[PDB]
Each structure stands twice: as structure tokens, then as C-alpha cells.
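The hints should help you fit chains B, C and D with the ligand onto chain A, whose structure is shown.
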Amino acid sequence: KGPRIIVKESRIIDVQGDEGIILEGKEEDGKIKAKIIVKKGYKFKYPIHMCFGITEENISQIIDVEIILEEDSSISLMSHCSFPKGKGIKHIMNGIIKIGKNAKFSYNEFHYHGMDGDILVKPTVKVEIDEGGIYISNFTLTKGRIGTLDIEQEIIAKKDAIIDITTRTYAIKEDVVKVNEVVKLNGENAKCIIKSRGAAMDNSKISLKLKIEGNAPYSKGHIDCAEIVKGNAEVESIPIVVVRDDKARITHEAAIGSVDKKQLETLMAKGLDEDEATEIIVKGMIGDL
Amino acid sequence: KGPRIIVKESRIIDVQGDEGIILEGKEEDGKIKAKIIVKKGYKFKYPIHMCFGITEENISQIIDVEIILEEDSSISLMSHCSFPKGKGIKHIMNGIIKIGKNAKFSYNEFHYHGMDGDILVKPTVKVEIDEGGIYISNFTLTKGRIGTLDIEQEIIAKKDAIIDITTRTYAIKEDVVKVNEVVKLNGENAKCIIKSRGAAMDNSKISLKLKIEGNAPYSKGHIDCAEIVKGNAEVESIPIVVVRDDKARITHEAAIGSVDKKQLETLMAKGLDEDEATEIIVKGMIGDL
Amino acid sequence: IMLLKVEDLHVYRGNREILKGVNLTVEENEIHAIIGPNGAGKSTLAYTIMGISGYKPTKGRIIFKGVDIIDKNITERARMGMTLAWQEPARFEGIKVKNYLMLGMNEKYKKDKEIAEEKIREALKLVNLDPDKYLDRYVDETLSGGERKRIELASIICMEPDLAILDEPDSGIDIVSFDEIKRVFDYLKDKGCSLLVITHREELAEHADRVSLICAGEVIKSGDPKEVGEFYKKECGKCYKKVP
Amino acid sequence: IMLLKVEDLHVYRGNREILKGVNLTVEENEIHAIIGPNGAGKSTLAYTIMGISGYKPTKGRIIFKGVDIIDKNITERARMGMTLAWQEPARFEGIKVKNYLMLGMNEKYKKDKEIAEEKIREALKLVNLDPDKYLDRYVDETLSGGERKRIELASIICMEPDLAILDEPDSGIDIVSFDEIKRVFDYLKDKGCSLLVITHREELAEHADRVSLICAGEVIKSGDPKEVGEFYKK
Ligand code: SF4
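Residue numbers (this note's numbering), protein chains in the order written: chain A, 1 to 289; chain B, 1001 to 1289; chain C, 2001 to 2244; chain D, 3001 to 3234.
For reference, chain A alone in the conformation it holds in the complex:
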């Protein structure tokens, strides 16, 4: 079966672990407390699974979680959130992650929502990377209504460390999206990439804030952003770069508005019209066919 966590209607239902991996989960002051540890030298073949579900109305979830990676270790985990019929929902989670020497971690989260529109989603995450450590993360929200979304991330990294961050969303009706994330490169030869992708429709509005600080010799960083606008939706983006060292280098690029003209003309020359071609490009951007 394998190592896992299960929560339903804001109650814990299951938690279990293999050898070399320790998992903990209990309820306290109406919140959920959870912990994960992997010991020195263990590398795991398969992800941990954590699952959340809400079929009811006026439910609230608050989770605090601590994750520890010891020397030479490797792990990954999946988050699944299903909110069918969801109305008056609040989902909030607070993460602390520590990555040891030469260790590797990856994180994925995927959301399924209905059409009833009364939802708040609010993850907050703080991460520390030691010598030679690897960090990867991905958030996807592209099925159903979003409602309201808030993302906060803070990353601090030492020498030879590597970071890779992705977010992908699709917004409709009166949905609201807020993204805020910061990376500090505080050791030699450290590097990062930050990516965002998506589309907006109807009356929806979106704001993106992305920051990299280059504080140490031989640091490297890249940011890239793309967003497609339809109807009477509104978009704002604010990427920030700071450099404090003679041997660092940082770069960024973005494009916001209607679809690219050379991609559109290329599909017209194969026998499609503008409404057929524009929808093929949007389905690519949001991760469909």
C-alpha cells in the first residue's frame, strides 16, 4: 500500500510509514499537527501521498506541518484536494521544511473544484537548504471555479544548492488570484528558475509578485512569465531583481495580453480559423490537448 496521510471534513482518518521514514499526525486546539522525518542515507523509490476532501458546507481546515531530510536522503510527496459541491470552505496550511547536506526534496499539489464558487485556499511555506541540497515544487489549479487563492513562499539557500518552482492556473467568472514568492541566494554556485503560466476570462483579476536576491559569487537566476487575457479580465505583474555581488547574474522575460501572432498564422495555414486556432493555444497553456 505505502506511506500516507488522510484527512476528511477536517478530521484525521489515516497515517502510516515504512522503514527509514517516520510520520506523525494529531489534533490540537482545533488545528491538525503533522510531522515527517527521513533518516541518514535513505533514498525512497515512490512518493508519500496526502489527501484532503470536503463534501459539506461552512467547514474550516488549519494544518501545521514539519518536514526533516537528513544527510544523503531523497523523498517526494503528492497533495490531492477534492472539493465537490464546495460552499463556504476555508483551506489553510503552514509548512516548515529543512533540507540537509546533499539531500533532495520534491512537492506537488493539484486541486479539483465544483462550480459553486464560495472557496478560500491559503498555503504559506518556509524552506532552508544546506550545502549541495535540491528543491522542486509545483502548484496546479485549472479545473472548475478558483474562488479566492493566496500563495506565500520564502526560500533561503547555501552553497551548491538548486531550486525549481512552477505555478499554473485558469480563472473564470469572478475569480481572484494572488501570488507572492521570494528566493535568497546566500552561498557560492547556487541557482534557481521560477515559472508561471495561465489564462483569465470574464470579470476575473490577477496579481503576480516574484523576487530573486543574488548575494554571493557565481550565483545564477531566471524568471519567466506568460498570461493570456480574454473578455474583460484584468492582469498585473511585478517581477523584482536585486544584485549585491561582482560575480552574480540574473535575467527575466514576460509577455501579457492576446496570443502570439506567428503561432496563430501557423495554425491558419493548416486550414483553421481564428476561433479554432485561439482555443488550441489556450488548451496548451493550461495543460489540456
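Possibly wrong hints are sitting among the right ones.
To be verified - Okay, derived cross-link-like pairs now, EDC-like style, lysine to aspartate or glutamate, Cα gap no bigger than 16 Å in a straight line:
1. A:173 to A:118
2. C:2241 to D:3122
3. B:1098 to B:1066
4. A:126 to A:64
5. A:270 to C:2160
6. B:1184 to A:236
7. B:1247 to A:274
8. A:1 to A:14
9. C:2242 to D:3130
10. D:3182 to D:3168
11. B:1001 to B:1019
12. A:270 to C:2107
13. B:1283 to B:1260
14. A:205 to B:1213
15. B:1211 to A:236
16. B:1220 to B:1246
17. A:247 to B:1275
18. A:126 to A:154
Just so you know, the hints here were simulated from the structure itself, not pulled from any lab data.
Below, chains B, C and D with the ligand without anything else, positioned relative to chain A:
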């Protein structure tokens, strides 16, 4: 001779005009007042000249200026500032500019400074563009010390309008640079380019803030930025893009830090050393040689 | 009735005149190759027939299948049997190779999924790619310049038009001899297509049925592949001016 | 004395080797071509001899003009009379074509303005570019790929080195025929230069004085082009 305004020792020393253009100036309330009016349908073979010069201690000068450019007319404006002794001096100017239907305007500003760093320069301008009008602007500060520099621009544009803006700087010792520029594309088919280039060394500090708002059908914008860091210098940049129409598109590109490695190795493989190779790349980017 | 005719065509790019009254014809089931110095008219002629935005004539006519096409848009030109391949093709976020080759497919293959499935594997083997490692990859920035160009040639085979126009068909591919490309030209002609080919190489021009030389926006020579090829070697290979 | 000896050379990039136990040499006034399949280490040799960053001998030795060069950087190797031309050159913002061709110009021509300005006109006509169209243009992203690669070969003619390394000199040029390229190789050999050419063309390999075949990071066979190309073909 040609249409001009000249100031030294905070006092107007000459103002002169020509057939089809009216120039005026006087001293009031501790400030210089000046006027430029261009008559309907006129176009000229030359630029108009502004001149400022200071050669003595503790001087402060304030200028308020208004420029009117009527239907189907054209001008170009040249301004020179020379400040060979830097002992505690203030230069402040406020501009109002109006361009009518199918009119063309261009502005150039040049600064020459000495070896002493106790200087403050503070230009502020608001611009109005009516249908089919053109606006060009250039600021250059690359010789001597800067001291403290602080620039503000606001531009509003109607249908079929064209805008482009350039700034170039080179900062040394304890120099301070700030720039703040915003463009609102409110008419149909309006276009703009914003560009900045520079280098920073020693204990210098740079902050750059650039904004485009795309509010109307078929409007287009691009922001392009590059900065070179040496020694103990610090750089911050914040580009902003906002779009509110189904048919607009805006793009941004930036690079901050050291010179590119393949460009540097290509010049050393021709027999130069790394300090000869770095200074050839910088003088191309800031347009010096 | 001729498949394509071009009559006294002139074209401008801003204040610059590029094409200066070219005349051309293409017959049914023919390969016709155009050669000459780069930038002197080669690619702008190919964009002007396909109707790509910003390429519009100031005088002259273009007639396809006996209809004058100056009013028709890119979708209307593509509906009646014309298609283009770019020198440097576009890159797509999130579109997979097996979705891309299906999109323009000829109406005789689209009617059965097994005929459509076999045609795509046949078309990938013809361009010396290995099907089962490429079908699931994205048509994005990860591919090299030679991989992206072999995928665009697999699309023309699958789409099977009446007229295909190719701009610099080997550009971006690292290849030791042109016999991979000549095999694809022979296959398209056996199915009954006509090809209009824009090139700088003589090795591909000597495989065509007719050759024409464009220089400074005008036709200089036209006729037999071998008589024009010898002039191209002898005169153009030592000329630095590139204007008569 | 020989120009170059490469002796017992081993190189790895990341986890594993790209060159292993390579042995090679080059004579004065010789054209020598290297051939072989893609990924056999051909470009990794060219970067390793010139000393580009991220390539270093893990074992073995390199000798140029009877002197060891593993202690020397790119500038010091270039001062001895060696140089490289990249397979896809770099672009420079705000530098003119006529200013770019004056960098590294040979100590014979560089001394006087007339002798240098005519050397630049001769070099541009020899690659089929009209000087009066190109001298005042910038070496930036507004040139096409074929124009930028012709300008880099006009730079090698102005430097006139003792040893030159070319990685695919025909790639990205809009050639009418290979007789455009062989005319440059004839011009350099007439002045006494020695050439190392890395190429995928049997048409240019036929023109070399000697040819060598490198496969999987080892030298297989070398000698007369008429033996080694026909041996390679099977
Ligand atoms: S020889 Fe004549 S046709 Fe050929 S490139 Fe020169 S000018 Fe053009």
C-alpha cells in the same frame, strides 16, 4: 541666430525667437518662468536650444516651463548642463508639454560634471498627446561624478499616438541614482518603447521603476533593461505591466550583473586581457565609443 | 488551366521596394526551384502568395486555379489547396507531437483512426526519426533546430496539398548528403503534388524539373536545371556585389 | 620543431569521459582535418587545446612550440600565436564591423592606417561581402546568421595566426559551392599558417594534407584522406 533660452548664475541672460515660434522668460517668486508656443502648420529645419552653466559655490536654481505645439507642426529641443565645480548645488525643473493633432516633438538632455560629488539634479515632466502625435525623449549622464539623480515622468496618449524614451548613466564612488516613469495608452492603435542602459562601480546605489498601462484596442508596448555591476555596488529594478483589453499586448526583457561569459572569452581568444575585454563591452552598451 | 500564375508583381516593406515585377507559372505535377543570393527577393515572394500579414502587393496579380485571390485571407487560401513551411518554425507551450501532425491531415486520411495512425508512423520513418520516442514529446523550446525541422517536413507529407511552398528546406539540419531530402521530394511528386522550392544549394536545384534565378527583385534566367546551374557556379560563386 | 603535440590526454565533463588516451600532432604549414560521428568528442578537443573555461586535462599533457601550456590561461595561449573560431559566433551591442576587425590584427599590418584599411577591404571581398555596404554596420542581432559567420572568417585573415582551429567552417554559410571555402584555405596556407579543421564534409576532407578519425573519444586511424575516408565509410 536661432530660437533659444540661456541661464547662468541663476539669471536669464538671453531669450530669442523666430518666425512661426514664440519664446518668453522672466524671474518670479524665486523661480524662472519660461514659454514656448508653435503656430499651426509650421515645421523647422533645426533644434531649439536651452543652456545652463554654473562656475561658483552654493547655487540653487528652479525653472517652471510650458511648451505648446499646435496642429500639423514639428520641433526638436536640445538642453546642455555643465557643472565643472560641484560645491553644494541644486538644479530643479518642472515641465508642462501639450502636443496637438498630427504634431511631432523631441527632447534631448546632456550633463557634463567635474570630480566633486555634492550635486543634486531633479527634473519633473507631465505630457499630453492628442491624435496622431509623436513624442521622443533622451537623458544622458556618463561623464564626471553623478552625485544624487532623481527623475519623474507621466505621459497620457490618445489614438494613433507614438512614444519612445531612453536613459543612459555611469555611476562611480558614492553616487546615487533613482528613476520613476509611467505611460497610459488610452487611445486606439497607440504604441511605445521604454529603454535603459548603465553600469555601476565602487560604493554606488541604483534603483529603477518603469510602468506601462494598456487600456484600449490594438495598443502595443515594450520595456528593455540592461545593467553592469562591478566592485561593492548594489542594483534594484522593478518593471510593471498592466493590461485591461482583449486586443492589447505588452512584453518585457532584462539582464542584471556581470558581463556574459561567451562575449568575454571571444575577446580574450583575440589576445586582450580581462580588464581590456570588460571595458570594450561596457562602452558599446552605454554608447560611448 | 495553370495551377498558379504570378503577373507583374511589386512588393514594398515600409519605404523599401523589394520585388520589382516578377512573372512566374507552375504546372500540375511539377517541381520548380528558385535560387539566388539571400535577402534579394526569395522569402518575401513565398509570404506574398500565402498572404502572411504585412506582405501585400502595390501592383500586379496572383491567380490560383483560375481565380484571382487578392481579397482572400490565410484560412480561405488554405481551404482550396495551398500551404507554407517556414525557415524557422514556431514553438508551442504544451502541444504534443502526436496532436500537431493530426491537425492539418488530408481529408482522405482523417475518416478512419487506423489510417490516420499508420500515416503518422510512415511520415516519421520517411524523415529518419524513430516514431516511438518522439510521439509523446512537446513541440517546444527543448527540441534542437534539426529535430523541429524534421517534424515540419512530416506535416507536409501528412497534409498532402495541391501546391506546397518550402523555404530553405534543409536549413537547421546537420546532414552529410542530401539524399534524405531528395527521397521526400520524389514521394510527394508520386502522390501527385506540385512543389515550389526556395534554396541556395545547387545539389537540390539539379533534381527539379525547372529552375529560375532571382537577383535584386527580378528574374535573371529561367529554364533547364543544368544550363542555369553552370551559370550559378561560374558567375555567382565569385560575385560580391549581388546586384546587376 | 613541430607546432603541437597532444599526449595521453584524458578529459571528463560531469560524471564520465569525453576524451580518453588521445594522441595527436600537427606540423608547420600543414592542413589537418578531424572526422568522425557526432558525440565522439571533436568540439571537446577544440575547447581543451585553446583552454576555454570548464575544460581541463585530468591526465596527459599538451605541448605547443616545445613549451607546456597547462599552466596558461586563454590570453597567454593566444599571445603564443594560437586562436579559435566558434561554430556559432557571439553578437555585440554597439560595436561596428570596421572596429571589430582591428582587434588582434597581425603585427605586420596593424602598424599603419592605410595598410590596415586595405587589409580589411581585401578580407571582405575574399568572403564575397561588399565593403561599402558593411564597414559602418553593427556586429549585433540585425545581421543574418550567414553574414555574421562570413565576418568571423575575415577576422582570421587579419590575425594570420601560426595555428588556427575551425569548428564547422561551412555550417551556417549560404554557400553557392565549396569552392568559396577552399579559396580561403589556399590563401592561408600560402602565408605559412597551419590549420586544424573539424568538419562533416568529405568534399573539404579531400583537400587536406592529412586526415584523422576520432570515435568514442579515441583516435582510430590517420594518414592519406583517400584511405581513411573510405575506411570510415564502412
Ligand atoms: S552574377 Fe549577376 S545574377 Fe549572379 S549574384 Fe551577381 S549580379 Fe546577381
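Status of each hint after checking the structure:
{"no.": "1", "hint": "A:173 to A:118", "result": "12 Å, holds"}
{"no.": "2", "hint": "C:2241 to D:3122", "result": "14 Å, holds"}
{"no.": "3", "hint": "B:1098 to B:1066", "result": "8 Å, holds"}
{"no.": "4", "hint": "A:126 to A:64", "result": "12 Å, holds"}
{"no.": "5", "hint": "A:270 to C:2160", "result": "11 Å, holds"}
{"no.": "6", "hint": "B:1184 to A:236", "result": "14 Å, holds"}
{"no.": "7", "hint": "B:1247 to A:274", "result": "13 Å, holds"}
{"no.": "8", "hint": "A:1 to A:14", "result": "12 Å, holds"}
{"no.": "9", "hint": "C:2242 to D:3130", "result": "9 Å, holds"}
{"no.": "10", "hint": "D:3182 to D:3168", "result": "13 Å, holds"}
{"no.": "11", "hint": "B:1001 to B:1019", "result": "12 Å, holds"}
{"no.": "12", "hint": "A:270 to C:2107", "result": "12 Å, holds"}
{"no.": "13", "hint": "B:1283 to B:1260", "result": "15 Å, holds"}
{"no.": "14", "hint": "A:205 to B:1213", "result": "15 Å, holds"}
{"no.": "15", "hint": "B:1211 to A:236", "result": "11 Å, holds"}
{"no.": "16", "hint": "B:1220 to B:1246", "result": "12 Å, holds"}
{"no.": "17", "hint": "A:247 to B:1275", "result": "14 Å, holds"}
{"no.": "18", "hint": "A:126 to A:154", "result": "5 Å, holds"}
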